[PDB]
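The chain that follows stands alone, in the form deposited without the ligand, written as structure tokens.
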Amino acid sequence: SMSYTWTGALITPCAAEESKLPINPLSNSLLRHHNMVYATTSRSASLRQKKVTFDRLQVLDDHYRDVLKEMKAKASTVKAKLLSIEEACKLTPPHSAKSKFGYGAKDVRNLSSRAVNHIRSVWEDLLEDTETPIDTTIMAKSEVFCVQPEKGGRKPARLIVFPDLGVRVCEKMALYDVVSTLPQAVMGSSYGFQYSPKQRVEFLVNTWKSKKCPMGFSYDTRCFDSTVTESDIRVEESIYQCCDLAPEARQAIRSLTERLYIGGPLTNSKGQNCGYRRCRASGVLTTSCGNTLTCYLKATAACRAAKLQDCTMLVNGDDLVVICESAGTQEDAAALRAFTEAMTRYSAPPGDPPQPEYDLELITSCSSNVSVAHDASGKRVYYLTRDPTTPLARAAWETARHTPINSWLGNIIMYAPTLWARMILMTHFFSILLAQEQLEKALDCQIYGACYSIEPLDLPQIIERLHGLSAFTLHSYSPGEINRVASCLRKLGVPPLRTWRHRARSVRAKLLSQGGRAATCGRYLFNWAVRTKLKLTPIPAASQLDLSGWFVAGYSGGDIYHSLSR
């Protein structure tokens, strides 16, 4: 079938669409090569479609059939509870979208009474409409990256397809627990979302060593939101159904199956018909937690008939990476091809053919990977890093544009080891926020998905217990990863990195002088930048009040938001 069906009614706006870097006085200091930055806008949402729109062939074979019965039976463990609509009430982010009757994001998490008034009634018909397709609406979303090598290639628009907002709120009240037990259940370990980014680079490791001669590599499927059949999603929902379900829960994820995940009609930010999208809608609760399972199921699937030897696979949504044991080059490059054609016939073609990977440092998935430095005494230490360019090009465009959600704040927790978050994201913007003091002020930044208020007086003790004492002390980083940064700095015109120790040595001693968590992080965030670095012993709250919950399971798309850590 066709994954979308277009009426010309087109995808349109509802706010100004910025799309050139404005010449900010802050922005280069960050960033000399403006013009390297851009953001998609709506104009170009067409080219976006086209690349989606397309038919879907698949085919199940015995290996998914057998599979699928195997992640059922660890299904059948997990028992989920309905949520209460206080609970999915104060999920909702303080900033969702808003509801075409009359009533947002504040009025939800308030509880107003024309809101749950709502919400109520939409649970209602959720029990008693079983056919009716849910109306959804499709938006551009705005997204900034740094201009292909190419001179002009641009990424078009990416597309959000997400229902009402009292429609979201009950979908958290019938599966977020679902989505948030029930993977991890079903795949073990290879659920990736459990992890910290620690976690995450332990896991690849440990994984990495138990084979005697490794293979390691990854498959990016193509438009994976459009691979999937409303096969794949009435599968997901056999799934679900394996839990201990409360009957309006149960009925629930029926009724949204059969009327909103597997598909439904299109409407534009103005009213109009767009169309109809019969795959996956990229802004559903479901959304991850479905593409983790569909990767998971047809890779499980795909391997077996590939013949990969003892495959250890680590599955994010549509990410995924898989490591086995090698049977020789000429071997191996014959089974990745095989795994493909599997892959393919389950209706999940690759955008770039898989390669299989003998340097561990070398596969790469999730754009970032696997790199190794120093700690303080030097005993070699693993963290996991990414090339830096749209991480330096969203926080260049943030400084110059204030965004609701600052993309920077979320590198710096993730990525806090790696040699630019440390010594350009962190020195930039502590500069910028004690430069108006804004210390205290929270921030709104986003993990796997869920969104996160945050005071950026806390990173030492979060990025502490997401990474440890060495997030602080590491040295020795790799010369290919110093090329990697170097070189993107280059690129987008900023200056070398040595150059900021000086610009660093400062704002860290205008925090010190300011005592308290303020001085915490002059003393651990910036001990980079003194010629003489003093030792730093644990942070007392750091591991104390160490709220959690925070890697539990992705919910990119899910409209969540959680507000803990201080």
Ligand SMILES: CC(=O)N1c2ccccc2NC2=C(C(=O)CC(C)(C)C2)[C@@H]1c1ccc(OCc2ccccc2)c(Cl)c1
The other form holds:
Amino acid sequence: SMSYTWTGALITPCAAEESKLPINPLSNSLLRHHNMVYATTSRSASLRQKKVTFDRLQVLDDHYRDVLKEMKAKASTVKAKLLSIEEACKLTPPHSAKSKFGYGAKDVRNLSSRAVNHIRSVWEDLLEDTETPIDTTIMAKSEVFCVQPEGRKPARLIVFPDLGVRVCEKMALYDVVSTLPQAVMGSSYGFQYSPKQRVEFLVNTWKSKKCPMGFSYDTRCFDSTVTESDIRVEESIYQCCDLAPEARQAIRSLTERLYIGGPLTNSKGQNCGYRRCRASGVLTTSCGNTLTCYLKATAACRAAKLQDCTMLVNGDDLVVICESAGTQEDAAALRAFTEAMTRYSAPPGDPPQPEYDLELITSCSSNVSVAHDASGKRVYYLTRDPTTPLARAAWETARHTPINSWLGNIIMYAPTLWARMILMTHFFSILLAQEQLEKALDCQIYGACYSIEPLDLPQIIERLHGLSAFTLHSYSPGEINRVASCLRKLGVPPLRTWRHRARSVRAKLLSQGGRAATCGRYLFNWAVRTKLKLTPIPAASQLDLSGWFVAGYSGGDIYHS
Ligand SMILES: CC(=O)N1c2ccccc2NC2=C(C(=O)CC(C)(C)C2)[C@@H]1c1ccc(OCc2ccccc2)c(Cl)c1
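Let's compare: the form deposited without the ligand is above, so bring in the form solved in complex with the ligand.
Up next: the whole complex, starting with the chain shown before.
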């Protein structure tokens, strides 16, 4: 069976799509090579459609079944609650795609009599109807990138059900999908970790091995490799939770009717094809992908007889650290592993490379690098090639986009050379210039959408990274060469120029006192020679990030207000 069948109807946009970076005074001071920056559109959808459509091979074995039972054993631990319509709506992001049935996200959030009635009827139909496939829209996602060294990416696709359904998924599954991965995978579940916690875990795992070997594994179009069996097995795990009767039935109907496959419709309302694999835009895609990657990966480790495997799983991204048996025997073990995964229907994009320095391993586009704090002590932190973040920064500088990936990157990659000298300097300079310092902004962390105030960045950074994040220096030469190389490529002024801009911006922040001066002091301490003494922020210890690093939610339509 094929991941997709198509009718021949086009994947259509519903608004004019922009694709080239505008020529803007502001984004041009960040990034001069504007023709290198682009956004994907509907126009490239048929290339993706080809790429994402293939037949699937899946043969299961005892290792797989053994691991499944063990996962289910842990699942059986879990009790899960139905959300009320109220809670479910409050998790709806304000600009979520409006229902086809005469109400939108703002009406859902207000608990408008119309929206809520529609939701209740959707819910009842979920209890009453087991079999009727639920409709989904398919859309070309618009993401921005930098052009490949030699050529472009075609748009990614997003498959989502009507708003009314999305709300009913939250009611049935929000507590499950955000409690159960932890219960099952334990320390292997990556979305439980803040940035410093992920680092502690990777370094500690690495340091705990007599002789560590590690690799990342990258299955191509993970979503299209997920089969109906996979999605049903994923359901068998959810059914181990203590569930209210209505949620048990709702998950069962949602599984047959939605998760397992269904019909696709384009913005024009046209039958477009049929999906027989994971939908990218539902509440369970993050969790399901995590359980599924975990289940197969664990089974494959056993298949390859890898020793003392520790893995970290976040949706489809997967990293394994384990005991090196020797170069030859590690190389042969990885290939065995890959062929095991391939049989479970998770073949690799590129074959995994056994790796013997932690810094060389890369997952979620990020690697571990070293720097030194104030005392000179070695500090590990997560970083990445900054090209895509930077190109997106230029884009978002020239366009009011609904999500500010620049804000997210500052939060997630705060200790990096490039986030501190470029993102902060650029964006605080702009925001100062436009009186926008106190204006809250949307970004998303691990899928979930958050409204954040720029002036709160120093406390958030403290909590997510520690004080260390404000004092790192003596980055690794390879990291500096990567960042420097990247700027030449993109036409971003050199780091030397950003220090000069930072010094200026820092002054202006200190001028303003209060929360703005806090930013100047902590965020830009790197910019001045006569550094200020930096101590814990009172407001950081205090305030509240309960929902931040609990679970993955990408595609799930989640907003934490
Ligand atoms: C699709 C998605 O939501 N993620 C994602 C996955 C894969 C590639 C690139 C990404 N992009 C981003 C993620 C964010 O949250 C926000 C940010 C604007 C950054 C972009 C998130 C992510 C990024 C890194 C991740 O691990 C590494 C890591 C973790 C913590 C601190 C630093 C680094 C994990 Cl698990 C998820």
